[PDB]
Amino acid sequence: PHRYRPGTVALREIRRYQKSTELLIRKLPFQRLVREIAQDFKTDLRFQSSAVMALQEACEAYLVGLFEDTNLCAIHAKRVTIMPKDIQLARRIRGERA
Amino acid sequence: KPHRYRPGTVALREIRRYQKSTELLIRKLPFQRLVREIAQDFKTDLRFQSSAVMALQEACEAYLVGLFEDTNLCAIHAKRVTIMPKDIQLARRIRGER
Amino acid sequence: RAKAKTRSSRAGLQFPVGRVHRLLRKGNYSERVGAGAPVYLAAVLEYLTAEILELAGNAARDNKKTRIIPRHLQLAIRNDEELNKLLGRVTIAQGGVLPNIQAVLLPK
Amino acid sequence: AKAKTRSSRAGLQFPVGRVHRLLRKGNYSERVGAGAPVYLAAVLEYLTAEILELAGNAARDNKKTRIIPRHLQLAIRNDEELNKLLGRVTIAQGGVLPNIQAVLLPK
Amino acid sequence: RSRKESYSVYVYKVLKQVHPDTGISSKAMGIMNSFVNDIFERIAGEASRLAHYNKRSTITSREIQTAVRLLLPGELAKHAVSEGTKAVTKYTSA
Amino acid sequence: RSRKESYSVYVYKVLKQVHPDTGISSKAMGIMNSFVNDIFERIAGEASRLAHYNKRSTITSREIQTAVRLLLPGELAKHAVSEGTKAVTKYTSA
Amino acid sequence: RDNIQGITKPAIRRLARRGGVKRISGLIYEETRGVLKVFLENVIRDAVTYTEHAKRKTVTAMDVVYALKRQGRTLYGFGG
Amino acid sequence: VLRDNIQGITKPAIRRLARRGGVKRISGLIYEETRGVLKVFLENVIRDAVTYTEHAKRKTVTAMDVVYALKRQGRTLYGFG
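Protein chains in written order, with UniProt numbering: chain P, 39 to 136; chain B, 38 to 135; chain V, 12 to 119; chain L, 13 to 119; chain X, 32 to 125; chain W, 32 to 125; chain Z, 24 to 103; chain G, 22 to 102.
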């Protein structure tokens with residue numbers, strides 16, 4: 039049966055998700071996570087819908103930027119796989135850990 | 038028959054020496070000439086206080102030292118000990134300066 | 012009395028000069044405010060808006076559309092050096108990213 | 013009548029009247045309460061005392077009796093919360109922290 | 032009876048000037064409002080700082096000009112300065 | 032020929048409090064002045080923003096408290112808040 | 024209350040594909056979950072501070088916008 | 022006028038700046054590279070500084086103008102006011 043070589047569907051997905059503007063996390067899990075996190079700072083808070091929408095937009099932008107930096111740190115070491123040490127290097131250089 | 042240190046010994050000794058101190062590492066007069074040349078490229082017939090050029094020197098040295106630390110991290114990431122220009126470029130790109 | 016020809020028409024602008032004057036007064040920036048400061052600020056703001064809107068409209072007409080959406084604003088901003096360097100630290104909601112794949116990841 | 017100042021009233025060392033005047037003249041709001049200068053003076057004094065205690069411990073550690081900018085840098089960079097409050101400042105004549113990567117050492 | 036002022040109609044006028052027959056969505060118009068407010072606050076804050084440094088009590092056209100030069104880069108700074116200067120001379124000479 | 036105010040004597044009082052017999056150089060004292068001015072401007076700017084957001088016209092102790100909480104981290108925020116609160120109660124009760 | 028496994032592994036892989044990544048290690052998912060939780064609590068702390076200063080109980084979009092702007096991460100579109 | 026002073030930042034000076042940063046071995050192509058970087062940095066500050074100086078109608082650049090430029094680029098500096 040027809041099988042693509044490892045890596046073809048990868049670039050197809052890359053083009054597809056770089057052509058789009060959608061959100062990539064489901065909304066209900068992110069909402070539950072936000073409420074659970076806010077549970078420790080103050081109890082019985084309410085959230086507008088636009089508040090959780092803004093939080094999701096910001097989080098996705100942050101993560102996409104971090105993944106670009108991680109990809110650069112991976113290519114620097116002559117690989118194509120991203121590993122946790124690449125994330126750690128990117129965040130250490132940005133100043134988020136330091 | 039004469040005494041010679043193996044490569045990398047005087048380098049570590051100099052690392053300790055220059056991390057233990059607080060002096061400036063660039064000569065005053067060449068730096069002052071450089072600053073005046075750039076300023077003249079911006080606006081003719083300028084003057085400078087002494088504390089202004091001193092502030093410029095301190096700031097520029099701090100900048101370069103931090104850049105060299107990030108460059109060392111990028112080099113070690115690639116399983117090397119020699120810093121090369123591509124490390125400077127990776128550090129300046131992840132930082133957000135180019 | 013006379014016809015009250017306003018201020019933005021006097022300066023030849025589209026943006027409001029009186030509103031900018033009031034915002035400069037009420038915003039607690041200084042204890043007095045000149046007469047030409049709102050005119051200058053309105054002119055600058057109008058110029059910047061027109062620049063970014065022209066770029067966004069060219070992008071929109073490039074994708075065979077007639078109505079600008081946030082994606083077109085993002086494509087306009089990220090594709091210009093000086094705008095991308097003025098707005099380098101802003102996030103545009105529903106904007107996406109720029110299509111760009113590293114060369115080493117391509118096959119062959 | 014007898015005039016005791018405001019910093020003595022609040023039990024502080026920093027000036028309350030000067031902070032009040034700086035808050036007025038700095039164009040931050042069109043009115044300024046009475047307890048705002050007291051609060052701000054107390055906070056500033058606390059922060060100064062913290063950083064000075066650390067710097068003095070560093071200075072007495074290097075067998076010296078007089079604080080110099082190097083000691084301020086050593087105090088700031090060695091504490092998490094100070095280093096994270098002052099993470100983007102340059103102290104003139106401060107130097108750096110002695111630190112060599114482990115892979116560069118011999119053997 | 033609570034209102035909510037915005038730059039929607041002025042942005043629409045500018046758009047109809049540079050692109051006579053193109054429209055704009057509502058979310059893009061919100062983006063444009065956010066942009067105008069952000070740039071306004073940047074310029075006004077920088078001009079206030081400049082006025083404080085020189086122990087002046089008035090914000091004039093020179094403070095705005097210098098803030099524009101300090102904030103915008105190259106092409107943008109040059110063209111914005113020219114535009115504002117022309118506006119001010121047109122205004123005073125009228 | 033105009034005078035130049037500074038926090039030198041107050042920093043010296045605090046030093047003589049926490050370290051009775053240690054001195055300080057002149058360059059370190061300039062560093063300390065720079066530090067005090069910087070932190071003062073940070074707190075005051077944040078409190079001004081807070082007052083503008085809520086359409087209030089007065090800077091009070093709550094604005095300063097919230098600015099302190101927004102600016103300092105963890106240990107620092109907790110202890111600074113406690114110190115300022117104690118100061119204000121000591122001041123009003125006198 | 025594992026609401027952090029609500030961020031599934033295919034979701035993180037989509038986020039990586041948008042960033043141009045072509046191959047993903049198996050230990051990346053826990054790392055990104057930790058990073059995201061750190062970022063989120065950093066933002067929500069200041070949002071809740073802004074809220075309780077105004078003596079409200081409902082977190083508004085403007086509170087989140089301000090909390091983001093103070094982190095140096097300005098966000099356009101929710102300024103209404 | 023004065024021209025060609027970037028070479029006054031000699032190779033030993035860059036090597037010392039790298040030693041304080043913890044660098045053990047240095048490629049031969051670094052030096053040139055570094056110089057470029059430094060120049061860019063200075064041009065970004067001095068410009069800002071001069072923009073302040075002409076605003077006050079002065080002709081001499083003071084330390085406060087340098088401190089303001091550095092602060093506005095997010096590089097706050099303690100010690101000079």
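Treat the hints as calculated values from the structure; they're not laboratory data. You may find that some hints are simply not true.
To be verified - Straight-line alpha carbon distances no greater than 20 Å define the calculated PhoX-like cross-link-like pairs of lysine-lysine that follow:
id, chain 1, residue 1, chain 2, residue 2
1, X, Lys44, X, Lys58
2, Z, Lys78, Z, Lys32
3, X, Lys35, V, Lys37
4, X, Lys35, V, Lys76
5, Z, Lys60, Z, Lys92
6, P, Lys116, B, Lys116
7, W, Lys86, X, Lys35
8, B, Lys123, G, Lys32
9, W, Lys109, W, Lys121
10, P, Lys65, Z, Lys60
11, W, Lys58, W, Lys44
12, X, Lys86, W, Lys35
13, G, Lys32, G, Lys60
14, X, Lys35, X, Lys47
15, B, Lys116, L, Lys119
Stated by the list, open to error - Derived, one-sided and incomplete: chain Z residues facing chain X with beta-carbon distance under 10 Å:
id, residue
16, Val88
17, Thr97
18, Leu98
19, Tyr99
20, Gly100
21, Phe101
22, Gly102
23, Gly103
The C-beta atom is built at its ideal place from N, Cα and C for all residues, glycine as well.
Practice item. Could you grab the alpha-carbon distance between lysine 35 (chain X) and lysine 47 (chain X) and see if it respects the 20 Å cut-off? Key: violated, 23 Å
Review point. Taking 20 Å as the top limit, are the C-alpha atoms of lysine 65 (chain P) and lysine 60 (chain Z) close enough?
Key: holds, 16 Å
Exercise for review: With chain X as the partner, please determine if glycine 100 (chain Z) meets the hint condition of a C-beta pair closer than 10 Å.
Suggested key: holds, 5 Å
Practice item. Please work out if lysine 86 (chain X) and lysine 35 (chain W) have their alpha carbons no farther apart than 20 Å. Key: holds, 15 Å
**Study point:** Status of the hint placing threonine 97 (chain Z) at chain X (closest C-beta pair under 10 Å)
**Key:** Where the cut-off is 10 Å and the nearest Cβ of chain X is about 7 Å from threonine 97 (chain Z), the hint holds.
Exercise for review: Take a quick look at whether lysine 116 (chain B) and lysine 119 (chain L) sit within 20 Å of each other, Cα to Cα.
Suggested key: holds, 16 Å
**Study point:** Cut-off 10 Å, beta-carbon criterion: hint that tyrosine 99 (chain Z) touches chain X
**Key:** With a minimum Cβ separation of about 4 Å from chain X (threshold 10 Å), the hint on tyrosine 99 (chain Z) holds.
Practice item. Would you mind confirming whether the straight-line C-alpha gap from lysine 35 (chain X) to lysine 37 (chain V) stays at or under 20 Å? Key: holds, 16 Å
Practice item. Could you check if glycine 102 (chain Z) really has its C-beta closer than 10 Å to a C-beta on chain X? Key: Since the shortest Cβ distance to chain X is 4 Å, the answer is holds.
Review point. Holds or violated: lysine 116 (chain P) with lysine 116 (chain B), Cα cutoff 20 Å?
Key: holds, 11 Å
Practice item. Mind checking the alpha carbons of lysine 78 (chain Z) and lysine 32 (chain Z) for me, to see if they're no more than 20 Å apart? Key: violated, 39 Å
Practice item. For the hint on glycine 103 (chain Z), just tell me whether its beta-carbon gets within less than 10 Å of chain X. Key: holds, 6 Å
In the structure shown, a violation is registered for the earlier hints numbered 2, 4, 14, in ascending order.
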